[PDB]
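Work the whole structure out from these sequences, hints included.
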Amino acid sequence: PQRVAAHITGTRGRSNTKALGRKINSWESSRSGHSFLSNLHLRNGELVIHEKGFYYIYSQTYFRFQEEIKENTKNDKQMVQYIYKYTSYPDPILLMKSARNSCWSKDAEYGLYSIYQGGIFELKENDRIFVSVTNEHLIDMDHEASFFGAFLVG
Amino acid sequence: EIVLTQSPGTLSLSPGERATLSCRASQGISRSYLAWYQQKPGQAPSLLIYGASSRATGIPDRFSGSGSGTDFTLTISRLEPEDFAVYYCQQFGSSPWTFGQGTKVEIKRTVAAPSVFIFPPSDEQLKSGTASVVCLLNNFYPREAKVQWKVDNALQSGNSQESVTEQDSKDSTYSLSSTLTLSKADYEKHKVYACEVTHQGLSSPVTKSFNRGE
Amino acid sequence: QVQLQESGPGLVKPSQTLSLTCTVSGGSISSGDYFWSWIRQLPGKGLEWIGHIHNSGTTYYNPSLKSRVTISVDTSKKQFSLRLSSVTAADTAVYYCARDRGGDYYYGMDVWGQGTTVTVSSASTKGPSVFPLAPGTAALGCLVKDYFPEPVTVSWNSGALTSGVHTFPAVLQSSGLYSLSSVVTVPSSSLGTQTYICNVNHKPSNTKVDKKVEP
Amino acid sequence: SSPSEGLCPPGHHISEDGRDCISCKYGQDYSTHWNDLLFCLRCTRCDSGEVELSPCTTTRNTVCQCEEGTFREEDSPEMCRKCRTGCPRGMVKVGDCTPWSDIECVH
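Chains as they are written, first to last, in PDB author numbering: chain C, 119 to 135, 145 to 281; chain I, 1 to 214; chain H, 1 to 135, 143 to 222; chain T, 21 to 127.
You may find that some hints are simply not true.
[To be verified] The list that follows gives simulated cross-link-like pairs (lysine to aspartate or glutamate, EDC-like), each with its CA atoms no further than 20 Å apart:
#1 I:104 with I:71
#2 H:45 with I:106
#3 C:233 with C:203
#4 I:127 with H:221
#5 I:184 with H:153
#6 C:179 with C:263
#7 H:219 with I:124
#8 I:104 with H:48
#9 T:45 with C:269
#10 H:219 with I:123
#11 H:78 with H:110
#12 T:102 with C:236
#13 I:127 with H:153
#14 I:184 with I:123
#15 C:204 with C:194
#16 I:40 with H:48
#17 T:45 with H:104
#18 H:66 with I:1
#19 T:102 with C:195
#20 T:102 with T:88
#21 C:145 with C:263
#22 C:150 with I:1
#23 H:215 with H:157
#24 T:102 with C:234
#25 T:102 with I:71
#26 I:146 with I:162
#27 T:102 with C:194
#28 I:208 with I:144
#29 T:45 with H:110
[To be verified] Covered, in the sense of this in silico footprint (three residues per stretch, anywhere, with C-beta under 8 Å from a C-beta of chain C), are these stretches of chain T:
#30 50 to 62
#31 89 to 101
[Stated by the list, open to error] One-sided excerpt, in silico: chain C residues whose CB lies under 10 Å from chain T:
#32 129
#33 131
#34 132
#35 133
#36 134
#37 145
#38 146
#39 158
#40 159
Derived by calculation from the structure, the hints in this document are not laboratory data.
C-beta: ideal position from N, C-alpha, C; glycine also.
Following this line, the structure appears as structure tokens:
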């Protein structure tokens, strides 16, 4: 209960049965998608840091799509997820990045590309951290499919 | 937000000819979640097609819907003159539910010239404040028209503002409305007021004037 | 059959709270089905979906409208109401209420109200001044002038004459109030028989006045 | 209503203090079997290339089915896959294309 952790998710429900990319800011709160915040707060999709320390930050971001051949389209897709942090400095700082390309075969009908990445970084008080993607319109936000988290690792 | 993009902005087509309206979503979306609306001038929209490709109750078979993923198409086959409204797609995909800018179908007719008219600022209007000379242009065809006002044989600037209708859903035709605003004090001096109407559906500019109730 | 009435003030004051209400005739809201809904339309361009509500009182809002928005039902009172907040210029627009068949099999709005045009200012509502414009086939029609806010209706011989009527979109004068003309064209050999009264109405100001147009 | 065995029924869901039943928002979340959930389970909205076959109520989740001409197999429940049109040579077709199966060609 006196613990520093957080795992916020894609709103939009659940399945069947100077900074590159664009920031994801449609993440939201209280255990229903099964999110939570705990000694951290939110600020337009940026987690804000109370306790200065080492934090294992992570996010998965799912890319789902179908595709066609068109008159003026190159089909190559660069799916990159960025995890930046805003510090006391004017311009954001990229912390981690993970990328993938789509298949090339003109025979592709669809694309399923989920991207997990994470790692510990030392953050200070009031450091703000956010996820950021390319091909945003391709990101599926079913709530298990894409999320964003961090914890303190004392 | 999911963005719909209707192509094109406007279409001109004579009756009988065939109309293809496009609606393309920034992300692919169900199909159950795409609907089409028609909005006749000065009306609330009304539901044409629901579920990418279902006709709402009452809609004539002339209308059709197709598509999936990101590319959706509405097709009006053999145009009636009624069918010349504005057409919107909306997506209940995710959320805000959104609409496309809209595609405006405009009728194609056959040049008809305007029946020009001119109204003297009624006595009652004058009795307090100002004087309004109102020039009408009737059932025409096409979009363009020019309107000049002449006072003691001098051209005007700024002292007027006009308004057009949309094409008639029964007919096919526009109608303009230029008004002349100048005080019932500055009005009492000058003697001859003229409304000049230049049109491509005319041989030469037809004028309508009056001599302050003489 | 099932019909909807846009009840509510045509005026609201900069950063005061706008409000409207929708009424339901023939069949009732209650019935675990549809979503009762508010759509606005932003000066001659895109419609914007505001939010909807269910008969169980649960809502849904367009995020970007960063809750200024609230909306509610009363089945005992047969009406649902929207209320913006804190409004400005970017809130001036016609506001339709409408019934969407949530998935009670369509998805889409089968029933609309006619929608009231709301203007946001601290302005003072003015009543319209009516002066007739006096007259083959002739042209006659009255000039409705100097009002505010912008919703004005004008018919002829109270709905009995609709033939050849051309009521032209209102022009926002440099004064700040609006003008608007309303011509008719009739057989020139009728300037004497079953002749012509135009009835200008203006709800925001309580105006409802007729006027006879004659030689 | 009030609890019944420490359970709230479908459509409803329990409170923090553990004492009261609260009711899932309509076409937003749900609960179908009797529960002790502090939160209602969120509603599905048909991913693309599917059709909504029934709306998400309060005691049933929305139902999605593959588009017409696409199928959904047990081991590929993530994208609806296009039904084949032809069979190979020396192979003959018995069993049309359904929402849950490809076409079925034999020899």
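Now for the hints, and whether the structure bears them out:
no., hint, verdict
1, I:104 with I:71, "holds, 19 Å"
2, H:45 with I:106, "holds, 17 Å"
3, C:233 with C:203, "holds, 10 Å"
4, I:127 with H:221, "holds, 18 Å"
5, I:184 with H:153, "holds, 16 Å"
6, C:179 with C:263, "violated, 31 Å"
7, H:219 with I:124, "holds, 13 Å"
8, I:104 with H:48, "holds, 18 Å"
9, T:45 with C:269, "holds, 18 Å"
10, H:219 with I:123, "holds, 14 Å"
11, H:78 with H:110, "holds, 18 Å"
12, T:102 with C:236, "holds, 9 Å"
13, I:127 with H:153, "holds, 16 Å"
14, I:184 with I:123, "holds, 10 Å"
15, C:204 with C:194, "holds, 11 Å"
16, I:40 with H:48, "holds, 18 Å"
17, T:45 with H:104, "holds, 17 Å"
18, H:66 with I:1, "holds, 14 Å"
19, T:102 with C:195, "holds, 13 Å"
20, T:102 with T:88, "holds, 9 Å"
21, C:145 with C:263, "holds, 17 Å"
22, C:150 with I:1, "holds, 14 Å"
23, H:215 with H:157, "holds, 15 Å"
24, T:102 with C:234, "holds, 12 Å"
25, T:102 with I:71, "holds, 18 Å"
26, I:146 with I:162, "holds, 11 Å"
27, T:102 with C:194, "holds, 13 Å"
28, I:208 with I:144, "holds, 19 Å"
29, T:45 with H:110, "violated, 23 Å"
30, 50 to 62, "holds (count 5)"
31, 89 to 101, "holds (count 4)"
32, 129, "holds, 9 Å"
33, 131, "holds, 4 Å"
34, 132, "holds, 5 Å"
35, 133, "holds, 7 Å"
36, 134, "holds, 6 Å"
37, 145, "violated, 33 Å"
38, 146, "violated, 29 Å"
39, 158, "holds, 5 Å"
40, 159, "holds, 4 Å"
Against the hints set out earlier in the document, violations occur for numbers 6, 29, 37, 38.
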